[PDB]
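Below, in structure tokens: the form deposited in one PDB entry, a single chain.
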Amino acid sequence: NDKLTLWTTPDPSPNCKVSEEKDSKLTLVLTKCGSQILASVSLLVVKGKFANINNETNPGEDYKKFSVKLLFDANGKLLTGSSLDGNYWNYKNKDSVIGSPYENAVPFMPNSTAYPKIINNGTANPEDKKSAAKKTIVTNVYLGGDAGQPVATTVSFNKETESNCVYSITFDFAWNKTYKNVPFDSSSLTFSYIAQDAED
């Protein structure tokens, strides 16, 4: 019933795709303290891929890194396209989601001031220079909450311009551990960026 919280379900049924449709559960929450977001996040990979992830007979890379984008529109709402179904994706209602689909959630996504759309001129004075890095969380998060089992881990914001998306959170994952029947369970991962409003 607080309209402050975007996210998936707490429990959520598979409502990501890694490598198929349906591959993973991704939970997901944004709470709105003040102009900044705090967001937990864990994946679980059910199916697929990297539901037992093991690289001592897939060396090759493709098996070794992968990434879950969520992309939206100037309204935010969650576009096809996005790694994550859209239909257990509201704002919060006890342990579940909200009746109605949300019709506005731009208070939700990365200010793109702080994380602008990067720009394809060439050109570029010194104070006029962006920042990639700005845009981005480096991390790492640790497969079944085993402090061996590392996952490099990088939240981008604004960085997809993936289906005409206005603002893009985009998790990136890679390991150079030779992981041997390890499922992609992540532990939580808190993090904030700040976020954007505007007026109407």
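Positions refer to the first chain, counted from 1. Take the two forms, find the largest set of C-alpha atoms that superpose within 1.5 Å, and that set is the rigid core. First, how it differs from the form deposited in another entry.
- In the overlay on the core between the two forms, a shift of 2 Å or more in CA position is seen for a single residue of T80, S100, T113, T123, which is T123.
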Contents of the next structure:
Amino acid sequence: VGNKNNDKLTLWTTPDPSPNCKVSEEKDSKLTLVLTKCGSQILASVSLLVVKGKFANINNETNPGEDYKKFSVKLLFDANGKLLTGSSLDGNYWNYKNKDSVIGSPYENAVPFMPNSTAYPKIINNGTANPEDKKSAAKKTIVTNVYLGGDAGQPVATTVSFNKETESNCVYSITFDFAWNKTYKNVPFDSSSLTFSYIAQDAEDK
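Based on the form deposited in one PDB entry presented above, generate the structure block for the form deposited in another entry.
All you get below is the one chain by itself.
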């Protein structure tokens, strides 16, 4: 209920979260996500440690199926930038920064942290596959690798997508898709930190 130390320029999970995320089951993972506002862009840092279930100890020798070689983590946001319930991330410690924790009250508005609707539109598809007015599927996308245990020999194909989701009537979204072709033998899903940026939505006029 009010502090001098709360910065509305950082929206985060806290830097050292308790289990806060669903990969396979409730609270089976720690998502560390920091969104820092640098004006027109968000500067983001993401790492995922899964602490129990299917992906806490990957073994594709003993679990060869394709459902054991990929998963997705979704953040769904409403018109005001609030986290919606169908999200992978629990909202309890998803809030503006105060020291190494969150502000006293849940945030009302985080639109300026949302991926820009104009740059990253949710998309309409009829007929005209190309009148040369065609809009970019890929632009909403960052494609890279993270590395399990910070080992360069354990890559995981990582796709960050902006405003790709429609679930729970969301207006904005950030999706992390992880997938690997290597057949990993007893490798915890513990991802190296990934820096990325996206163009920010502006605050509403009045």
